[PDB]
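Sequences and hints are given; from them, build the entire structure.
Single-letter residue listing:
Protein chains: 2
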Amino acid sequence: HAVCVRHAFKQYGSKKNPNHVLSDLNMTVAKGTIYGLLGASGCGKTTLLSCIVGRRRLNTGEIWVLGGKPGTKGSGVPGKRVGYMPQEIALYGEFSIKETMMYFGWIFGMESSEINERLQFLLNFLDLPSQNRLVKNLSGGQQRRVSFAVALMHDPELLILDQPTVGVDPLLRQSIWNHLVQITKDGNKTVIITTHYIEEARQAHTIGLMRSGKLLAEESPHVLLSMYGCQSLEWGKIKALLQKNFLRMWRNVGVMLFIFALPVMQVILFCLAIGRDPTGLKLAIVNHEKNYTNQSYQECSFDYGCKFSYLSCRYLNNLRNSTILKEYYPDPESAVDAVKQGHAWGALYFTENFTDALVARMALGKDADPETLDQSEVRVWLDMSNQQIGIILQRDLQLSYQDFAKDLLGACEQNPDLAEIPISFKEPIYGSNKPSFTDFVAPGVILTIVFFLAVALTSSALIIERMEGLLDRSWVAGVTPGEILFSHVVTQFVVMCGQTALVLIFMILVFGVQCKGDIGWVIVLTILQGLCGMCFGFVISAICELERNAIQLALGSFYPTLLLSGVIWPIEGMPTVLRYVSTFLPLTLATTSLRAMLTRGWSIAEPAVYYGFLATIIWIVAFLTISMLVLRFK
Amino acid sequence: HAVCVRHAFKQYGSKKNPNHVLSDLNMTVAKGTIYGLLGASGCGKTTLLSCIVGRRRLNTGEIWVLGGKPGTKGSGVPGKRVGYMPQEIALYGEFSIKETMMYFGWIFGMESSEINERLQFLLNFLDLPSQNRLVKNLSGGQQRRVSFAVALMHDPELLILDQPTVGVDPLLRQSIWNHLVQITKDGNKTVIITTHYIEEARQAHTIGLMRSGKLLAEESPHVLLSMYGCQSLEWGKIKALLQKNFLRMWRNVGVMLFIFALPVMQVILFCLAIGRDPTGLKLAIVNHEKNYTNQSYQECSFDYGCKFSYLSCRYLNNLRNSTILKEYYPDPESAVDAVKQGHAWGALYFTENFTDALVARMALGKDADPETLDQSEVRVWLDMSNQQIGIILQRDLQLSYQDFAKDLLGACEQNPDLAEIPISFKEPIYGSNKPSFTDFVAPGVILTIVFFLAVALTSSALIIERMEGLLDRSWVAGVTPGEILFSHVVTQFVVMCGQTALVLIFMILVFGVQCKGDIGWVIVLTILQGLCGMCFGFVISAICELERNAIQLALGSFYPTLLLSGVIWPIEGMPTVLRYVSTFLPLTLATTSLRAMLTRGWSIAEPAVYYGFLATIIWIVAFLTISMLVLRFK
Ligand SMILES: Nc1ncnc2c1ncn2[C@@H]1O[C@H](COP(=O)(O)OP(=O)(O)OP(=O)(O)O)[C@@H](O)[C@H]1O
Ligand SMILES: Nc1ncnc2c1ncn2[C@@H]1O[C@H](COP(=O)(O)OP(=O)(O)OP(=O)(O)O)[C@@H](O)[C@H]1O
Ligand SMILES: [Mg+2]
Ligand SMILES: [Mg+2]
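As given, the protein sequences belong to chains B and A, one line each in that order. According to the entry's author numbering, the first sequence holds residues 62 to 295, 391 to 790 in order. According to the entry's author numbering, the second sequence holds residues 62 to 295, 391 to 790 in order.
Treat the hints with care, since some could be wrong.
Where chains are identical, the list cannot tell them apart; a pair therefore holds if satisfied intra-copy or between any two copies.
Computed list of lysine to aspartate or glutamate pairs in DMTMM-like fashion (alpha-carbon distance at most 20 Å, straight line) [to be verified]:
id, residue 1, residue 2
1, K76, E576
2, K522, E576
3, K482, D493
4, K400, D628
5, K246, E280
6, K582, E527
7, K562, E576
8, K141, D223
9, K438, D552
10, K790, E703
11, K482, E445
12, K438, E728
13, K130, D230
14, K582, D493
15, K246, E261
16, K562, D530
17, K438, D487
18, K395, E621
By construction, these hints were calculated from the structure, which means they are not laboratory data.
In structure tokens, the structure reads:
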């Protein structure tokens with residue numbers, strides 16, 4: 062007995078509308094007989110064959126196949142001893158015949174020098190073109206004959222052919238039916254071929270017949286006649397599914413080269429845009445001591461030395477000569493009317509009696525009457541509608557006043573240290589005295605460019621299996637569903653490391669970013685975050701089913717992981733509850749650890765550093781068990 | 062007459078290794094005869110039928126069908142007068158039988174009350190289940206029968222069928238072949254049916270035959286059997397494809413509600429995390445005037461009033477009671493050893509004779525000597541390894557010294573105004589005197605949340621057509637390429653406006669981003685900017701065939717948008733070449749216009765405002781013609 066089923070009960074639909082496809086289904090396939098499962102279009106015929114190879118659970122029946130229940134250690138449904146053929150052509154369209162016969166070649170442990178020893182024989186038996194032609198340009202009949210040879214070469218001992226002769230001319234159909242009757246001559250193989258052409262089914266030995274949810278009769282075709290009628294009929393698996401993932405990238409070279417040009421482009425833009433201070437902003441200076449001529453011109457022939465003359469046009473040219481452009485107006489009421497409509501960013505005003513009011517405010521002290529302490533002031537109106545240019549504009553006018561004040565003392569009377577606020581900031585312990593925005597955000601972006609590029613790579617990898625077919629007919633071949641996932645991790649970790657190192661080269665070597673700490677541990681962490689990123693793209697593909705429903709889910713996680721992590725604002729700005737929640741995240745703790753390597757210089761031994769590795773290894777495992785659990789569930 | 066081909070030529074293979082599928086191909090279909098195109102498996106049979114309906118173009122030949130070549134206004138190829146059944150079942154599996162009959166119903170201009178009668182008649186004729194059962198839930202023989210009732214209901218005058226009776230039992234295949242005879246009794250319609258089931262092909266009366274790229278015979282069967290052998294001779393279209401787009405968003409309500417929760421979640425996080433001043437951060441204060449006890453106690457009593465005693469403790473409690481914690485150490489060499497290992501963010505130092513050296517500095521004035529200069533300084537070491545917290549700490553110790561200085565002159569007898577540098581900043585013309593980082597990035601993130609969400613929506617739309625079929629046999633039913641794209645804009649612009657207004661409500665009304673200029677124009681710009689985003693996602697789908705290149709291309713074009721538009725840094729730091737290029741972009745000219753509406757208050761009439769509308773309406777047209785040119789001709 063090859064297959065034997067007792068008391069089979071299956072049905073789809075809700076309890077309010079039962080279907081009742083199968084009712085009893087008591088049959089027995091004697092070993093060595095070409096069992097033929099004929100029937101009527103509409104009954105449960107494929108749903109029985111699909112219940113034999115363990116594709117659908119039988120819902121409280123008894124099924125015994127080649128030793129035991131399907132999918133159990135005592136039977137042989139998944140393995141090299143069971144042939145198969147689906148109703149629809151489940152073949153990958155981008156493979157040549159010589160490649161699709163090797164993908165299934167060494168899944169069943171066939172030697173590479175033995176597959177092609179019979180590939181030519183199979184191509185000669187059933188007519189087929191040259192073996193280098195991809196199976197997408199093949200006709201509709203030469204695509205069925207390939208599927209009949211893919212799952213016949215390994216010489217199984219139980220064939221589950223369903224509709225194998227649909228779409229070929231009668232000569233080829235006779236040739237196909239003249240083969241199942243030759244290999245079965247000895248008691249070694251069984252066939253369960255089912256077809257809808259009953260005339261050709263006379264060659265079988267144990268023709269079955271289904272009428273209503275149960276087998277009607279199972280007798281020889283010439284015994285069926287004269288009783289019911291009168292006349293006529295009334391390492392292998394890993395290596396196999398790893399040269400298919402690698403071959404996929406090579407098939408469309410040109411877009412695979414694009415993914416290697418993304419990190420270099422995304423890093424060049426960041427270094428060339430963010431951080432550099434503005435250098436092309438203007439001002440409206442209306443100094444009322446020099447006669448107003450032209451628009452971009454005014455005399456500045458002040459006195460150079462201990463003689464204090466024309467102090468107004470000495471504070472000018474004492475500020476930055478490159479980040480501020482000077483423009484002159486004759487009327488204070490007109491300068492404010494120039495910044496108002498957007499022709500400048502500010503407007504100064506030096507009163508007519510400025511030098512006298514300032515030379516009498518330093519020599520005289522603590523006796524400054526309000527009249528004297530009202531004309532020595534440099535009135536400035538700022539267009540503070542940008543909150544980032546006005547901040548450096550008002551940080552430059554008064555910082556440049558320090559040089560103006562120190563120049564007075566250091567040239568005439570005393571040591572250039574009186575004009576200093578008593579608070580002295582010494583030398584910073586870790587950083588520099590001139591912080592830059594491009595250095596606070598750089599360590600948090602390198603860990604983010606890598607994370608998102610890895611997510612986009614492995615975002616549809618687990619979802620294209622249904623796209624190309626070849627999946628549900630490879631489950632029968634014994635492919636463990638934890639074995640496809642492993643081959644995706646290996647086949648993409650090679651290409652992820654190729655662009656992770658591209659970010660580091662173009663951000664540390666070409667563009668200067670300090671690396672006071674150890675360089676070995678930075679690389680380990682920056683690929684521990686990429687691998688965590690690509691494992692996050694598997695919990696999306698497994699959960700999602702529709703292709704369009706998974707693009708906008710990973711893409712919808714761009715901003716929330718760019719704000720919740722500390723990238724552009726310190727993590728201490730959030731309230732006391734969001735800050736606590738935003739610590740158990742994949743990226744919020746790696747930026748803090750990497751910031752303590754590039755700038756401070758701490759090694760791994762420091763407690764604040766190894767938390768990044770500890771809190772990113774956990775997420776790798778967490779994103780893997782969930783992805784595996786969903787895959788194993790269905 | 063009905064169809065005639067003269068001197069047809071077509072080859073598939075590359076140059077110097079041709080295929081030569083067709084050589085001459087001279088045939089003629091009569092006025093009302095059931096032409097049957099039989100032949101061997103491997104010749105050009107489907108590629109001839111697929112060249113009649115205009116799916117493939119001949120190389121050098123003349124094809125003349127229903128009075129003119131395909132694609133000419135005089136010929137009815139892409140019309141309601143041509144039936145068409147493909148070799149493979151090109152049906153959408155998510156539609157019920159009634160829905161998929163109505164979708165093809167009113168493409169040809171069929172009244173909704175007239176389709177139902179034909180639907181019931183066809184369901185009665187060829188056995189089929191209840192009309193509200195999904196096609197994907199049907200069997201393999203009840204899915205072919207549905208496809209037979211779609212290419213037959215509108216009553217065409219030229220039926221084209223290739224293998225319409227495969228996978229169905231003979232008792233019903235005879236019924237199918239018994240229908241093409243009844244409807245063709247008069248000289249109204251023609252049938253061009255190709256089958257490999259030669260036994261039942263004797264019912265026709267113009268059987269053809271192909272051997273190698275040429276028609277062999279075109280005679281009647283019972284004449285063929287007696288010639289050289291004995292036996293075995295070997391508004392509707394828009395309405396149609398718009399209740400199908402509106403329907404696929406109703407079968408996944410679980411995820412359709414998710415896309416309405418992204419904008420509220422992505423805006424709540426931005427306003428709750430970015431902008432707030434850090435509040436929890438410590439200091440190491442080692443004041444050498446009060447005895448050191450505990451570690452959170454310093455006995456701060458400083459003789460409140462005009463009397464000048466314990467000035468060190470007067471400066472303390474004058475910084476901030478909220479944003480700075482205080483921790484006290486007894487040794488200057490130990491405070492630096494606390495900030496060094498991360499237990500603080502700074503370390504002050506008040507010398508044991510601080511008050512005496514400060515009460516004498518404001519009296520001697522210009523007569524100060526270096527002995528008393530370097531004894532009244534609040535030495536502070538700062539951990540500037542964050543560059544964002546150190547800035548607000550360096551800007552708080554000295555800004556709070558202004559209060560300490562004014563607390564002295566304004567205490568006993570003086571006017572609290574001789575403590576300011578001669579630079580006075582007056583009142584800002586447009587902004588406020590206390591700029592915030594959150595108010596600078598908010599007008600420019602709203603334009604980015606909308607842009608990115610629209611791209612995610614309409615980026616898999618044009619590549620999902622090939623997934624569910626219904627496109628090979630939609631081009632035949634007079635569906636021009638223009639109106640497929642148009643119906644993808646109306647069906648998503650409704651759902652994009654539903655989340656564009658969600659961003660505005662949750663950013664202006666609830667969280668409180670000010671808007672001085674005009675609320676009418678902001679909504680127009682933020683809607684007409686999102687529409688530019690959704691049109692950009694169409695150019696991604698038009699030029700990308702494989703779906704795996706859509707997630708990677710769309711998600712990989714995000715960082716080059718934040719870093720190249722002025723979202724987080726004003727566009728003046730880039731070099732001259734990059735700054736000039738960046739203005740000709742969809743977003744960099746629109747954030748500037750929106751920033752001049754919320755902050756300045758300018759209306760549209762200002763010339764710096766309508767450039768945003770003008771420079772993003774162009775991109776809508778530019779992204780549409782390219783998305784249409786590729787879609788029309790490939
Ligand atoms: N896209 C293609 N590119 C190249 N060659 C092709 C392509 N499609 C088909 N061919 C080849 O050109 C010929 C066209 O075959 P065609 O589709 O007409 O066969 P058919 O009569 O439908 O086949 P069958 O009855 O065996 O299913 C065949 O030799 C086929 O191998
Ligand atoms: N996924 C499904 N959900 C519900 N009912 C289904 C499903 N698949 C098939 N059926 C129904 O189960 C019954 C048996 O289908 P089955 O696939 O066994 O038919 P079959 O013998 O292969 O058909 P045929 O030869 O006519 O193509 C049919 O009534 C079919 O409509
Ligand atoms: Mg079947
Ligand atoms: Mg065909």
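Structure-based check of each hint:
| no. | hint | in the structure |
| --- | --- | --- |
| 1 | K76 to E576 | neither (86 Å within a copy, 85 Å between copies) |
| 2 | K522 to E576 | both (17 Å within a copy, 12 Å between copies) |
| 3 | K482 to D493 | within (16 Å within a copy, 48 Å between copies) |
| 4 | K400 to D628 | within (16 Å within a copy, 29 Å between copies) |
| 5 | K246 to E280 | within (19 Å within a copy, 44 Å between copies) |
| 6 | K582 to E527 | between (38 Å within a copy, 18 Å between copies) |
| 7 | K562 to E576 | both (9 Å within a copy, 16 Å between copies) |
| 8 | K141 to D223 | within (18 Å within a copy, 37 Å between copies) |
| 9 | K438 to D552 | within (13 Å within a copy, 29 Å between copies) |
| 10 | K790 to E703 | within (17 Å within a copy, 23 Å between copies) |
| 11 | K482 to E445 | within (16 Å within a copy, 50 Å between copies) |
| 12 | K438 to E728 | between (36 Å within a copy, 12 Å between copies) |
| 13 | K130 to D230 | neither (38 Å within a copy, 32 Å between copies) |
| 14 | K582 to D493 | between (43 Å within a copy, 15 Å between copies) |
| 15 | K246 to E261 | within (18 Å within a copy, 33 Å between copies) |
| 16 | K562 to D530 | between (22 Å within a copy, 18 Å between copies) |
| 17 | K438 to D487 | within (17 Å within a copy, 50 Å between copies) |
| 18 | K395 to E621 | within (17 Å within a copy, 34 Å between copies) |
Hint check: violations occur at hints 1 and 13; the rest are consistent with the structure.
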